[PDB]
Structures are given as C-alpha cells and as structure tokens.
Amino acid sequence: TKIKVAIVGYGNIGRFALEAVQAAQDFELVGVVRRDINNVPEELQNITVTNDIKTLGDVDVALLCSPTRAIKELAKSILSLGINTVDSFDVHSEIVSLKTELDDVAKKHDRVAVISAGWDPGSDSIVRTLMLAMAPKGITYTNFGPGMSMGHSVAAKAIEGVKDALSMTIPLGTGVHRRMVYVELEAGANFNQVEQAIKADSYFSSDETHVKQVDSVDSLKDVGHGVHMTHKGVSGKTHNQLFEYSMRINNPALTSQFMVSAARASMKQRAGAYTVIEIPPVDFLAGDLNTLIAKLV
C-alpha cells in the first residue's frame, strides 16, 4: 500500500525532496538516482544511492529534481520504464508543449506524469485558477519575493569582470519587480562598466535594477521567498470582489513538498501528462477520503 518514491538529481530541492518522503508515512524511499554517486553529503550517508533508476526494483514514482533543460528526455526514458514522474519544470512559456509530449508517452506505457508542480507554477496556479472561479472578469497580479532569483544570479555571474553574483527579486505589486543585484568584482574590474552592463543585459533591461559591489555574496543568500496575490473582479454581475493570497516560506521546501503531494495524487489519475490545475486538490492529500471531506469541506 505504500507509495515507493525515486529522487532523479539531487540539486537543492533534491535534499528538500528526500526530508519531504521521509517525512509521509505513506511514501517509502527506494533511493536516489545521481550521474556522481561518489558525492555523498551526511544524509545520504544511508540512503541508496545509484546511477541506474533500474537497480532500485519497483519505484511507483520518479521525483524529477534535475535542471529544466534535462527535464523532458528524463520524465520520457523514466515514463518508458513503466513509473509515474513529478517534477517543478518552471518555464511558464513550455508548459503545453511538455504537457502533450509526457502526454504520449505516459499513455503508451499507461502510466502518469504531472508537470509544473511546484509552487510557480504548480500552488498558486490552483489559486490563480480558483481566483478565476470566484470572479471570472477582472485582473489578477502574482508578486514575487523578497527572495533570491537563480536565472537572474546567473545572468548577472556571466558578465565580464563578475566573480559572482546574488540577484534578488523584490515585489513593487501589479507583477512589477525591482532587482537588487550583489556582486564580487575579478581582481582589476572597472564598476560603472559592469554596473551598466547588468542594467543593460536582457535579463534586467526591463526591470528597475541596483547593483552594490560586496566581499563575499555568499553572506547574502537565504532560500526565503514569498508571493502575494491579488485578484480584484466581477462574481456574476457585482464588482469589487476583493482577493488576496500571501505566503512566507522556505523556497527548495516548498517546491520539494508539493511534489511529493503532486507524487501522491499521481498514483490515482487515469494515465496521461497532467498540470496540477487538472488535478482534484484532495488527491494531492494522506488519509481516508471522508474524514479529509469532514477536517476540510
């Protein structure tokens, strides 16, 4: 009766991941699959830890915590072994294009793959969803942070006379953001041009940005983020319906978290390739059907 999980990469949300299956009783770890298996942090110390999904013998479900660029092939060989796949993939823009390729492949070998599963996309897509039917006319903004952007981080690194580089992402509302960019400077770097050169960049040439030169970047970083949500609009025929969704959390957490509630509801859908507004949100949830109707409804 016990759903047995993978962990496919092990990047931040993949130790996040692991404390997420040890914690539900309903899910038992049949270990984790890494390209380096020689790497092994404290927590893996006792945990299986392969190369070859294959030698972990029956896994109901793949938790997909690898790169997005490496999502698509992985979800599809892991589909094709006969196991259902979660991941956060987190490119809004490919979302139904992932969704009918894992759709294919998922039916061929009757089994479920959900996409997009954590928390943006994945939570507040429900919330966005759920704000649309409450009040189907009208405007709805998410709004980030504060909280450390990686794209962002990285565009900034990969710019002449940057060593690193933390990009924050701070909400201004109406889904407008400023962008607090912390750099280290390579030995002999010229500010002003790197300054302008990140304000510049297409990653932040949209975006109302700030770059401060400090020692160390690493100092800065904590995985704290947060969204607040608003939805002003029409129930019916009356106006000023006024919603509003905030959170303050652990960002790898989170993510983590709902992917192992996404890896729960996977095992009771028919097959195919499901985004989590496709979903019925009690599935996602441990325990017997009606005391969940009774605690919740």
Given for the second form:
Number of protein chains: 6
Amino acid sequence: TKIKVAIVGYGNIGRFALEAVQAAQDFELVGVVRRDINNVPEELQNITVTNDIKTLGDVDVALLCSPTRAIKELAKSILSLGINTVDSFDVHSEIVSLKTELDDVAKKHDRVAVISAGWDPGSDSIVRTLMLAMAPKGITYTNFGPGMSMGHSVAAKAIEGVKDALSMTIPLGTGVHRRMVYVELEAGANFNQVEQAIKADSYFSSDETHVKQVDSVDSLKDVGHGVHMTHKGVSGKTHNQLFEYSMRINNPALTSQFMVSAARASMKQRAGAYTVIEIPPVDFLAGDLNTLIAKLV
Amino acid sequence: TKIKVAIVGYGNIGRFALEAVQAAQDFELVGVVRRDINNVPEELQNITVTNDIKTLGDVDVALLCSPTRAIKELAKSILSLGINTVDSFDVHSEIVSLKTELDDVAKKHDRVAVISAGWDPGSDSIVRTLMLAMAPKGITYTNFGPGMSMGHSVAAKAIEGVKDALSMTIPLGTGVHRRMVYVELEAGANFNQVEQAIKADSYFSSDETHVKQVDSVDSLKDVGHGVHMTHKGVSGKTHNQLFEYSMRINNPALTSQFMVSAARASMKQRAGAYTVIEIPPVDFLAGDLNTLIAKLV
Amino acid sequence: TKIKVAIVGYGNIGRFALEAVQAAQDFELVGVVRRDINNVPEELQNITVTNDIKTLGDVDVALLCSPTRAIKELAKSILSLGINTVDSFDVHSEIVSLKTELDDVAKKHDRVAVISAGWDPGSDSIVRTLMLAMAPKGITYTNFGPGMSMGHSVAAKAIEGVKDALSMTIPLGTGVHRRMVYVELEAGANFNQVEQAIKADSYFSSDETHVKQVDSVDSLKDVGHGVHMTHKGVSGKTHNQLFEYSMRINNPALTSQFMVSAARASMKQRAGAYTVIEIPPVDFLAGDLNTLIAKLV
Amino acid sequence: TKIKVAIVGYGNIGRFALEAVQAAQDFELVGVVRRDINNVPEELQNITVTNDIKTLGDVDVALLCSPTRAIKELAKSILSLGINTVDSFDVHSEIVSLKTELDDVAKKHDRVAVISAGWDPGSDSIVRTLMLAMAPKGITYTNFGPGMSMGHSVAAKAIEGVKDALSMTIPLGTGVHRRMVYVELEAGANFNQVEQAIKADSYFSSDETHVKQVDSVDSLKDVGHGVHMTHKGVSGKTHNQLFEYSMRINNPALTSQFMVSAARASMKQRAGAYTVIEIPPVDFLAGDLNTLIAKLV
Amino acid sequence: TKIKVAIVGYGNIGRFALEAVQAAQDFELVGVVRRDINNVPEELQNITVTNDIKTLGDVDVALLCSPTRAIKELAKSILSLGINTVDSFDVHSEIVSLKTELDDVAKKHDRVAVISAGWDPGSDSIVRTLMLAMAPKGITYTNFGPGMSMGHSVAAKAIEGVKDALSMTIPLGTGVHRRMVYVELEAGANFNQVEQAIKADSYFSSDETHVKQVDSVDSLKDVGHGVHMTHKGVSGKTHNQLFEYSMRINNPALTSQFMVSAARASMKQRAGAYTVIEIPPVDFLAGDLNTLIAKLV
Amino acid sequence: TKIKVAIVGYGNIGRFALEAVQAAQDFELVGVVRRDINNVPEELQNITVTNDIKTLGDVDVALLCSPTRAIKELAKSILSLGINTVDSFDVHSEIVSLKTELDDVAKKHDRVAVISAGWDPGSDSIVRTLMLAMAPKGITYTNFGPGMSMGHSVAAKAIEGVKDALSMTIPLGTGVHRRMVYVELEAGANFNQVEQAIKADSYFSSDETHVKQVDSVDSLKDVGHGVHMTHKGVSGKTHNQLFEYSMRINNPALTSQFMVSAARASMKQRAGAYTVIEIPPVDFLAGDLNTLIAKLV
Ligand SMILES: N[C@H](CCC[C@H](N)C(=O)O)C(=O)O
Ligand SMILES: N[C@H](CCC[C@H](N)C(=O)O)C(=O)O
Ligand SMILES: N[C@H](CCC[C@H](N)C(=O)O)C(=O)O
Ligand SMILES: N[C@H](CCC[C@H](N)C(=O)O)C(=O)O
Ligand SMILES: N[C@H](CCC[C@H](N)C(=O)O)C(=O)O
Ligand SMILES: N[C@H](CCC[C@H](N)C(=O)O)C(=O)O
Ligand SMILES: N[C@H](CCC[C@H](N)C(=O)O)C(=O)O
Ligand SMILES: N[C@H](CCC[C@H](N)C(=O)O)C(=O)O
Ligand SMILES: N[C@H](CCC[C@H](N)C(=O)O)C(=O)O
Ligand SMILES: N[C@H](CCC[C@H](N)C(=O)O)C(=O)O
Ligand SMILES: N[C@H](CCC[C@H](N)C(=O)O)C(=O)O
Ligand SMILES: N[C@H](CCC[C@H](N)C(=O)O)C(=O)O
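Next block: the form deposited with 2,6-diaminopimelic acid bound, after the form solved without 2,6-diaminopimelic acid:
Up next: the whole complex, starting with the chain shown before.
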C-alpha cells in the first residue's frame, strides 16, 4: 500500500524531488529516469538510474522534472504505459491547452495527470482561488522574489560579450517587477553596449532593469525565493476586505515537495487531467481523514 | 440555471447572507425562514418571510444562519426535504461527529451538506491544509483578532453585578490570546468583585484578562476581525520554510460570503456531507471552468 | 437640542451621509434634496425626498453631496436661506478661494460654512497641521491608496476605443504614485493604441502608468482606500523626530462621517467660512465637554 | 508682532524649551526664571536669569517648566500679573479640575492659559479626538515606549537597598505595559528582597515587571520615547475602519516644542483656560493663514 | 596553502560543518573524529572516521562539534598536539573562564583557539559590540526564535510521564521569552500533573510556559531559528539613536559556517585564545585583502 | 591614562565630534584646529582654538573633520608630527589607495591611521563583512535614507536659475535610489528649464528624480538619516539564509561618535593604516576587557 514513484528528468528540482520522496513514509522510490545515465552524482550512487521507465518495473506515478518544452510529449507517453504524471509545467498561458491534451490520454489508459503543481503555478493558484471564494469582486496581485529568474538569466547569457549572467526578480508591488542583472564579460567586450543590449532585449524592455558587472556570478546564486499575494475586495456587498499571503522559501525544495503532495492526491482522483484547484486540498496530505479533519478544520 | 437559495435563521450573519446571495448573479433568493415572521427589518420589506421552508416552493440549497446548538437537527430536517445545507458550524471538536450524522441523511435523500464553511472553521481550514501540502513537518499557529468574542461576552454578561459586557480577543502570537473585557455595572455593584469574578471564571482563567468599567458598551462594538496564521517547517528535507497569511475583514460579511461560495460548490458534489477541505477550490467560484483556470492557475 | 440636517445631492457619498446622520443620536434627518425625486432607491423608500430644501421646514445645516463643480453656487444659495453648509470640496488649489467666497455670504446671513471636510482634504489636513505643531522644520509626505481614482477613471473612459475603464492609485512613497488602469475595448479597437493614448494623456503622462485589458471592469471595483503620511523633522533644535499616520478605510463611509462631524462643529462657530484646521477638534464630537476632556486629553 | 516669552522653571524640559524658543523667529526670549540664579549651565551664560518674572519687563506668555505639583499655584500667580501660561501638566485625572481653576483667574485678568500641552497629554490628545471625529463608535488604545519612566524610576529608587534605579516602559499592545527595572544596590543589600519589594510595590504590582542589577544606571539612560495609537471602529454604519499613528521622538524636545506652539496659539484665543483639543490646529503654527491653508488643507 | 581541518564530534552541527568545510575551496577535510566510529551515516561513507585525531596526519585546525561539557578538556588536548581549535561553546557566564584556560595552553604550544564562534555567542556578539561603538550609552536587547530549545527540550523529556518533548522559544521583546512545550505521554500518565510539573520545573518557572499534548513530536521539529537585536541610545550627546538586526536562518547551517570562518581567521592570529570580538572581521573571509576592502568598506 | 585628542577642521561633524569627545570619560579634549580662529560659536567659548596643532602640546590622536579633498595631505602631516589620525573619508573607490599612502607615513613615524571610520564607510562596512562570514555566497544590498545628500544638493545648487537647493535620497530597495530635489529659483527663472536641467545633470540622470519649487529650503533640512542592509545567501550548502540590519539615526552624531571609538582603538594597533574591518571590534570600546566580554559575547 506504498505509493511507487519514478523521478523523470533530474534538473535543479530533481535532487529535491529525491529528498521529498525519501522523506515521505507513504512513498517508495523505484528509480530515476534521465538522458545521461552515466552522470551519477553523490545522492544517486545507490539509486537505479535508467533512460527508460519500463526497466524500473511497477510504478504508480512519475514526477516529471524535465525542461518545460519536454513535459507534454513525455506525460502523454508515461500515461500511455498506465502510470500517473505530476508536473510543475510553469507556462500559465498554456495550462488550459495542456490539461485537455493530457485528459484525452489519461482517460483512455484509466490514469491521472496532475499538471502545474509547483508553487506558481501550484500552491499560489489555490490561494488565488480561495481569495475569490472569500471576496469574488476586487483585485488580486501576485508579487515574486527576491529570487533568481532562470528564463531572464538565459536571455542575458545569450547576448554579445556575456560570458555568464544572473537575473534577480525584485517585487515592487501590484505585480510590477525590477530586474537586477549581474554579468561576467568575455575578454575585451564593451560593458556599455552589453548593458544597453540587455535593457533593449525583449525579455527586459518592459521592466525597470539594472546591470552590474562582477568577477564570479556563481557566488551570487541562492535558490531562496518568495511571493507576497494581496486581495482587496467585496464579501457580498461589504467592501475593503483585506487578504495577504507571504512566504520566504527554498524554491526547488517547495516545488518538489508540492509535486510529491500532488502525486499522493493523483492516486485518489477519477481518470483525467487536473489543475491543483480541481483537487480536494486534503487529498494532498498523508494520514487518517478523520485525524486530519480534527487537526485542520 | 439560477441556484435557488433559502436563508434559514436570521441572526448576525443573516442580514449579510442576504447581501451575499443578492450580490451573486448566479443565485436567486427564494425567501427567508425564521421563528418570528413579524420582526421584518428594512431589507426584508420585499422578501418572502415564512416560518416554514415548504411555502417557498423549489429550493436547491439552504444557508443555515441559526444558533450553533440548532444546526444539527435543522440540517437533518432540510436535507430530508431534498434540499442542500451550508452552515458555519463553529465547534472544531464536534466537526468530525457532525459530518457523519449529516452524511447518513444527505446520502439517504441524495443531497449535499457542506459544514463548517465560515472563515474559521472554513477559509482558514484550507490555508492550514495547504501549509501541510507545502511543508508537512513543522508547526502551524492561528492568531485571532483583534475582534469581538460573542462566547466570552456572554460569559461576562452572566456574572453578578454586570448589566452589559464586551470581550475583545487580542492575538499575542503562537495561538496565545489576551482578553480585554468592558463592563457596565448594575446600580450599586462592587467593581473589584466583578473584575475578580470575571478573571476567576472558567472562560477567562487560562488567559491574560483585563477588565475596564465603561458608560455605553454598545459604542465600543465593531464587527471587524482578523487572523494571522504562520507555518515554519520542512519541504522534503529542507528546513526553515516560512509561510504566513493575514486578513483584516468584516466578520459576518466574510462568514456569509463563504457560505454562498460553499452553496455554489454543494451543487457539484456526489451526495454526502463535506468539510471545505474535501471540495475542489474552483467549485466555490462562478464562471466558465476554462476562463477561471486561465485567470487563477 | 437635536441638530436638524438636510442631505443636498445624493451621489456616491449621498447614501453614506444618510447612514452617518441616522447613526448620530444628536442629529434629526429632516430630508434628502435632489434633481430627480422619482429615482428612489431601497434606503429612501421611507425618507422625505424633495427637489427644494424650503419644503423641509426648519433646517440647521445642509450636507452638500453634489459634484465638485456645483458646490460653490449651491453653498451660496443655502447659506442665503439662513442654513449652515458642510462640503467635502476636494480641489486643494481652490480651497483658499472657496473659503472667502463663502465667508462673505456666511457672515451676511449670520451662518457657518465648513468646507473641504472629507479625509483629504479634511482629517489628513489636521494631522498635517499637527505635524508642523510638533516639528515645524522638516518634510511631510502624503501617500494615497491602494484605491479607486474617479478623476483618472473618467480620463481613461474618455479615450478612443475604451468601453469602460478603472484607474487604481498605488503609493510608491514620498508622494510618488503608480497608476494601474483596467479597460474594456469597443468591438474592434486596437489595444496598443488605447494603451499608448492613455499613457500619453495629460492625466497619466507624469506617472508610472500600466494598462491591462479585462472582461468586466465592475468586478474589480472596491471603495476601500488608504493613506500613509510621514513627517521627519526638528522639534526646537532636535533633529530626526519621526511621525507617521496610516488608515485602511471605506472611502465614502469616512468622507460622509467626517462631514456629519463638521456639521456638529458648524453649530458652535462664529459666522463665516472655515477649513477644518480652523475648528477646535472637540467641536466635531458629541457629548458633555467635561466627559470628553476626561476621556481624550 | 514678536511674541515675548519667559521660561519659568528650568528642569529637564527647561533646556529644550530654551532651544524651541530660540529656534522660532516669531518669538523673543525675554529671560529664564528659577529658584537658584547662580546655577548657570553652559547655555544660560548669555541669557537673563532672574528669580522673579517682574524683572523681565513686558512678557506676553510664560512656559511653565516646573514640577507637576507646582503648576497650579504658579499659573494662577503669573496669569494674575496679566501674562499667558502654557504648561505640560501630565496628570490626566486632574486636567478637568485644573482647567476650571485656571479659567476663573485667566478670565478675571483677561489672559489665556493653555494646559496639558506636551505630547500625552497634548499632541496625542488631538489625534485621539480626530479618531472619534472619523469613527465615533469602536475602541482607541495608546501604547507608550520604549521609553524612560521618571515616576516609576523614583518609586524604585525609594525602596530599601536601592542606590540608583531606572524603570523602562515597554508597549505590549491594547494599552498593556511591561516594566523593565535596572538597579544599583547599596554595599551589602539582598537582591532577591529588593526585586520582590519592587514587584510588590503599588507602582509595579499591576504590570509584568522584570528587575536586573547593573553597575552604572546612568549609561542605560536615553530620552528617546514613542507612542503607537490605534482606533478600530465605525464611520456612520460602516465597520472595521482602521486608524493608526506612531512616532519615535526625543521626549523633552517634543514636549517643549509643542508648548512653544501652544504659546503661539494662546495669543489668538478669547480669555480663559483651554486643553489643546479646544484650540484650532492652525493657531499652533507660524506664518500667513492663506499660505498655511494652501500648504496643509 | 589549503587549510587542513578535522571535525571533532559529529552531533547536529557535525553534518553541517562537513558541508561548510566541503563548500570552502580554501579548506581540505582531513577527516571526522567521534566516540562511535561504526555509526557511519550516508555523507561519511567516503570520509576517514577515527576516534583519535593523530590517525589523520597533518591537521592545521579542529572544529569541536562535541557536547558543551566536553569542549574544555578536548580543546586543551588538541591544542597540545599543536592543532588550532574553533568551538561554538554556548555558556556566556563561563566564556571569560574558558578563554584564559585555553590561552595558557594555546600560548605554550604556539597555536590559536577561537571560542564561542557560533551565532550567539558568535555573530551576535560582534553586532552587540558594534552597537556600543556607535552609541555607548543606552540599552541593547537580544530576542531569540521562534526556534527549538535543546536545553529546555531535555528538561521537559526528563519529567515523570513524558515519553518525548519539544520546547519552542518565542520572542516577546526586551529579552523576555514565551516557552511552547509539546509532549507525548507514556501509556497511562496524567496530563494535568505533567503540565503542572513542567511549568513548576526550574528551567520554565521564570517564563510564560504553555504545554500541549501531541501524537508525533518529531514531525513538529524544524532547525529554523532567528534573532531580533535592538539598541536605543546616545551617540556622543545625541539621544534616540535606533539600531536593529534580524535574521531568519537555519540554526546548525549558520553555527557551522561561522566556525569555518573562525577557523580561517585562527590561522592569522598570534598564539592565544580569543572571543570573536577580539578578531579583525576581515580575517574571517577568504580572498585578496585589497579586493575584499574594495567590495566591503 | 586619558586619551588626548585634537579636532582638526570644524565642519558639520566638527560640533558633534566635540560632543562625542566631551561625553567619553576616557578622552581629554586638548583643543580645536581650524583655518578661521575668529569664528568661535557657542560651544567653543572655553575651548583652545588654534590654526596650528603644535600649540596644543601633547596630542595622542587627531579627529580629521576637514573636507574630503583635504584628508590625505592633512593626515600625512599630522602622522608626521607623531600623532594618530581618524577620518570618515567617504569615497569607497579610493579607500584602498588612501590606506597605503597613509600606511607608508604611519609606519615611518610609528603611529596609527584609522580611515573611513564613519557609518558608511565605517559601521556598515563591519556589518557587510559579518554577512559574508555568516553566508559567503549570495547578494548584499545597502539602502540609504531617507536623508539629505550634500553632494547632490551642491550639484543642484550649481545649475542656472537655482538660488538654493536640497536633494533628499530615498531608498527603493536593491541599492536603487529616488532623488527628491527642492529648489528656490532666482528672480525671473523658468521652473520647467531648471527641472529639466537638474534631471539631465550627470549627478541625477541615472536615478528617478523629482523636482519641486519651494519658499524656504532651509526649513526642509533634517540631519536624520538611515540604512537598511540585506543579505540573502548560503551558509555552507544551506540556501535562503536571511540577514537584515536597519538604523534611524542622526547622521553627524553617529559619524563623529564612531570616529571617537576608532580613535580609542587606534591607541592599541601596531603602526600602520587600517580600515575598520581590520580592527578587533572590542578595541573600539572603553572598559575592562573581561567585563566587556562577560557583557557582550
Ligand atoms: N518553479 C516555480 C517558478 C515560479 C516563480 C516565477 N514566477 C518567478 O518569479 O521566479 C514554480 O512554478 O513552482
Ligand atoms: N528560476 C525559477 C524562476 C523561473 C522564472 C523565470 N523563468 C522567469 O520568470 O523569467 C525557477 O526555476 O522556476
Ligand atoms: N464565527 C467565526 C468565528 C471566528 C472567531 C473565533 N475563531 C475566535 O476569535 O475565537 C467564523 O469562523 O466564521
Ligand atoms: N464573535 C465571533 C467570535 C466568537 C468566538 C467564541 N468562540 C469565543 O471565543 O467566545 C463570532 O460571532 O463567532
Ligand atoms: N474625495 C476624497 C479625496 C481623497 C483621495 C484623493 N486625494 C486621491 O488621490 O485618491 C476626499 O475628499 O476625501
Ligand atoms: N478620489 C476622488 C476622485 C479623484 C481621484 C484622484 N486620484 C484624482 O482623480 O486625482 C473620489 O473618489 O471622489
Ligand atoms: N511627560 C510626558 C508624558 C508622556 C509619557 C507617559 N504617558 C508615559 O507613560 O511614558 C508628556 O506630557 O508629554
Ligand atoms: N513620563 C514622565 C514621567 C512619568 C512616567 C510615567 N510612565 C509614569 O511615571 O507613570 C516624564 O518623563 O516626565
Ligand atoms: N547554537 C546557537 C544557540 C544560541 C541560541 C540560543 N540562545 C537559543 O535561543 O536557542 C549558537 O550559539 O550559535
Ligand atoms: N537548540 C539550539 C538552542 C539551544 C538553546 C537551549 N539550550 C536553551 O536555551 O535552553 C541549539 O542547538 O543551540
Ligand atoms: N558621510 C556619511 C555618508 C552616508 C550617506 C551616503 N552613503 C549616501 O547617502 O549616499 C557617512 O558614511 O558617515
Ligand atoms: N549628507 C550626507 C550624504 C552625502 C552623500 C553624497 N555622496 C551624495 O550622495 O551626494 C553627508 O554629509 O555625507
């Protein structure tokens, strides 16, 4: 009666998913799937590492920790082997489309896909939904950071003269963001041009962007992140109801842990694909339903 | 395609439930049930007011706004007429017991009961559940106020020499509370005895309690309330994950609005009784599932 | 010894002025004056509604709840019938000019005009004045919101292709403001042009302005507002004295309630026109002077 | 048109009153009155120092900087010479009584007495009054410190075995206070007895009191102080209106500066005694009425 | 030119010291010393583990991660082998005494001992020292938590009927602390007696103590901690200078990392024993002195 | 055993250095050096004021309170008389260069120079250094104000049409700054040109700059200042370690007091020049080493 889980892809959240699975008494790690099976860091010395999930035998659910571009085709194929999928698919504009592509397949093979089950999308999605349950009229804002931005880091690293780069994301309220960019230059490159180029780039040209040159970019890195959500609005006909939610957290630690919670929940839903706002919150937790109700409600 | 709702009982949250229903385009108020039908305040001039729900014709769901002691027997009888119930039943220790008493009846008549659907229990219950989904190990604290305490107000009002009383509830962190009590005395009563009596009473004897004498107690009343919840804990094996949620809100405004959200949700569940941590969050909301996902997730 | 009050005009603050008058035991509502007497919303079913203040008999004071452009001529005419005026006239640059136009008339007919008696101008005006009484040298800043901006909403609504609009006002400190604008477009209009047009407009071209397109603009509305005032400065020869005042409030609720307080005060001043910084604070309050001093000083 | 001021008494606030007068271009220091004229500290090397106000010639107003017990008889006698009085008389329970004793005398000699014109009573008094003007129903709390407490310091210093003592006042919210007491003992005295004696004393027996023994008590002294006031309440019929005021200030710097502002104001009132909630706020300020209105309202 | 370090003792901070050493390019881990050499957890599979430091060959410095009672005799013996010691010796009252016992020995063998180099004592010690450098007169307070208390946990665990226990430490300001205690009872023990016993115990009888019974005590544990230090005081003759320092941190992560910084610094001091307030701050850092000055000063 | 100190230069910090020296029992003020000896304000009535340090006899150390441009040549010459120097030399980019110019001279004459010993550079420098000792990897930000900016004030005052000017420095986080500029114009100057000129100037053209015209610029001046430093980073391998330090302070009061602390420390170092991150923190303090350790560590 132990939930049998495979970690597919082993990026930044990969190592943390390993820890989150190991830490859950109700889960059993049946192995790690990845492209390069010979790259075996410290923590995978004693873990089965394959490039094909079928070699791991019986698997209830797969934590997809792959790049964003890979998640769709990868989920389709693992659902098709009669295994559940959980992913942290992070592109909001495409979530509706991903859900219905995976629903077709999930239903055919009588399995469950939980999608976009990180912290945003994920956790924060539920808190945003609760805010409209409490006060349907009014405005919600979601403020991110301070934290590293992999997307914007890549966009900076991809510009003329830039050896390495790091974009930080700074909240300025009402969903507005400042971008602090730290760069190493390539032997003999013009800072002022790199600066102007980064600010003019389409990934930065909408935002207050600041660029500083540095020696080692890696020594500035910290996987700490944060959100501050607010809702101001109306319960029935009563205005100026004020709600607020904040966390200062380790990014991959949380992303991975919520995926493990989603996986637990995936085992209890009727066949199909779900966003996390379509799952009963208590389904995410381990323990006796009645002890959990006594403790939480 | 309008959800047809009756308000049963018309206490403090009664008037606010009226506003919350009227404000929801997807609801139709089919009338108000109560013991004294001749008490008809401003807002019920034009509303059907009966002492018998059967006179209202077809009703999908009933918002129970009766005293705590009445909710169980009242829900049983309205479920038995083939109507759904939503209540803000506020006694945590008895929620598990109420759920299973109402489940029996709800299932027999093929209806839904959503129970303890205020803000605590209610909203806060979901946020407490999300906190364990994000970080299962660690401590959660729920800090209440500043706000009026009806229970402790009554306990003070019921002591020798006390004409009127008001207990405020002040948060001091880690679920610890200070109680500020304001009293009018009866012609010739000894303040020092009333003070000592209130502090010694079993409703106050565990808490830092302060007593001040005043002229009009009514002029101190404000239905404003608040919560500050915190969770410090572990995502997988990563410690010192910090989560926090705060609101400054109108108490009955919110309680009533969340009951209306629960009623909306009640129409979509399989027959039985539910706490709000057993309902998909999005079921609480009005609108097209796909627009809501696009907006929230 | 009951203060006899007429509400002249019935806009947004009109309904709230009705509530503030009704709530004050020391006031008697002698009726509501307005252009269209046949528009009779819920709360005026039982209230005298005339299109001429003379039909209400003896009236001590009039709460002018008309548009900004109407206040001057309207106050002149009601003072001229031997009635006191209170208004929330909200154009700071014109307050000195309005005071002396109303002083002439108020003195001739032996009556009192209290002007600009909202929260800003109004309440905040007194706190700004107290800050110089405590520390005459140094800087004061007044930070507004988050709150709706009717002026900027109208300026946005009045641009090509815009069906409806809503400007929010966001405080960024030191009196600097961000403007968040939400718009519905008219069937086939170009977002990018409307966006650029709004940002270029004279109401927005000085401020960090952001424009988002939305479905229902009404569902974003909340009459909640707020101020954070600061003063850093010198008491005698001692520097770095720090003062701060904040509120999160229902906008029209407060505006109307302070007008009722100003009306109470108007009954105690020598004939003429006054800003609220020229009235003894205690004159705004109901009750026995000696009980109020005992309670407050 | 220069206001001619004498400083009577030269305690702690004495030196600061000197600075506040000197700093005000609209004031002329006509001298300092005191018991011992031969005690002439640094700042009074160049200032007229008499033991009798009559030697200073024509004086518009006197800043009484004497001990609390002396203010009543001292104000009576200076009013009786046809001079205005300002004091920071700090005993709230006795303000109503002091006002009417000074009113009798002030009226007889056609002069003005402003009383209890420090920061509490004083400044804070006006902000407490404004809070009821904005929201008459609800609760106000006044939280003091962290700051030195001269009254409680003296009560500690007056106990067996105590060489020197210092009581700090710590705000714990809702007007509740913690008292931190630091003591030097006399050669061979029992700490545990002194501790228990201080906690049992009538000045401390109501409050959370902590006692630490220390070497130099003087090196812990700082004249910094602070207040955090809150009001939660009702504007008309709208609940959960939230108001807040905070300052971190030099205690005597502010007390003295507000007395100088009160003195300025005293010159503009009809004969009699006033609390500061009975004076128009703008009367406290220097400058042209129309520039001040333009700047503040 | 790599600093050769041995970890002596392997408690809670032991594993974290391993990570802090490994993470420092300027250090080389020459092995781990401990009482039970056969207990070899995950991370020590490939690390030399001895019960005698002499088996590790050449060692510049030893991180003592032993119990408090062991540190003195253990430091004496390792200094005596011509190796440097760093410890987080956490008993403030005994630091002066430990320094001079280790100074004698350190000087004899021409080595360095850095003592009490955690975060308190340690980091916080330097910030407390800086506060007197900036403002020698006035008060400093050090507020701990929320965090686990091993000392108080042990004192609770050692009482009749208590299977397991956990004491949390909650800051209430001005160095005052609340203790939240969570206990498992032994089959058939009386909660009310255990509660009373814990509150009466000498480790708790001075503090606001609260006791709750729970199922699993281990699932409440989180190694997160925090400090909030304040100083209010006088720079020269200028009062009300306000300073503040806060951190929310992983306890052992920080303790261990600061010991590694102290070890780096130990290599640069003249022979003897030191508290961390006796070491130049820059000596704690790796890198070129002139680059570090350019970056920090 | 008194430290004998001369104040050389008497600018803004000059007067405050006088107070800081006088306030330190362990110091003796042997006199003040300056260019204009006939300018003798209140506090220098009784102090020896020479234009030549040699007239003061024996001097252990000199507090250089001269302009930035003078400090180098002035320190060289006073070191050369066998006297120690302390300065608040405030140009970060040139600190490394100044240290080594003064080291040469300090060593030749067997004396000590402590340089850049204000609060930034100074105090803040030590806190920035401690942050890397606690968490070497991650980002530190230093946020200044709100406070006056002498440099930017001068740059504004030096533009066409500007009679007087004041630049305030406002922190917006992540080392980003807003500049609020207040100007008096010269009889017949165009505001819009002066505004544009100030914004375009090289001292402002990188920063969010706002310009307001005013009557008296002097009445806006307050020497209050502040810093908020943050560090987010890694202790060993543990991420999201959060550190924060804030102060609200009198600028020259603090600068001068830390120079007096540096002077005390200068008496204990081997001959040479030092930044404050190269001095043992406890060397800054007066008192018995063992009492200080007992009190702080
Ligand atoms: N991996 C995270 C990334 C979302 C946060 C992103 N919006 C940012 O501001 O960095 C998640 O979706 O769970
Ligand atoms: N580094 C974080 C945030 C990604 C956000 C970044 N993709 C962007 O918003 O540009 C992550 O692993 O989710
Ligand atoms: N009827 C309220 C009770 C909230 C206040 C209560 N939890 C307390 O302050 O002790 C609700 O949950 O909707
Ligand atoms: N006024 C709130 C809270 C009452 C909370 C009650 N449990 C108490 O503490 O007395 C209500 O109407 O539910
Ligand atoms: N009508 C309001 C105006 C205040 C808010 C306005 N100053 C803003 O910028 O939002 C009043 O008289 O109270
Ligand atoms: N606040 C005002 C309208 C003006 C909004 C203010 N921001 C502006 O238009 O300048 C009101 O609610 O009547
Ligand atoms: N002497 C002060 C008293 C204020 C502080 C006092 N209320 C306290 O509890 O500290 C004044 O008149 O401004
Ligand atoms: N604050 C007053 C003294 C009284 C202190 C107050 N806490 C008390 O004694 O009750 C002062 O500085 O003159
Ligand atoms: N290991 C830590 C413990 C000190 C914190 C302790 N005072 C507490 O409140 O838990 C250290 O000295 O580095
Ligand atoms: N658990 C923490 C704190 C110890 C504090 C505890 N010993 C007490 O103050 O009772 C540590 O490992 O340092
Ligand atoms: N002279 C000051 C400069 C501080 C202010 C400056 N860092 C800025 O605000 O830009 C000091 O370090 O003592
Ligand atoms: N008023 C401060 C700060 C000047 C900072 C200067 N760097 C500038 O930004 O202009 C001082 O006297 O040092």
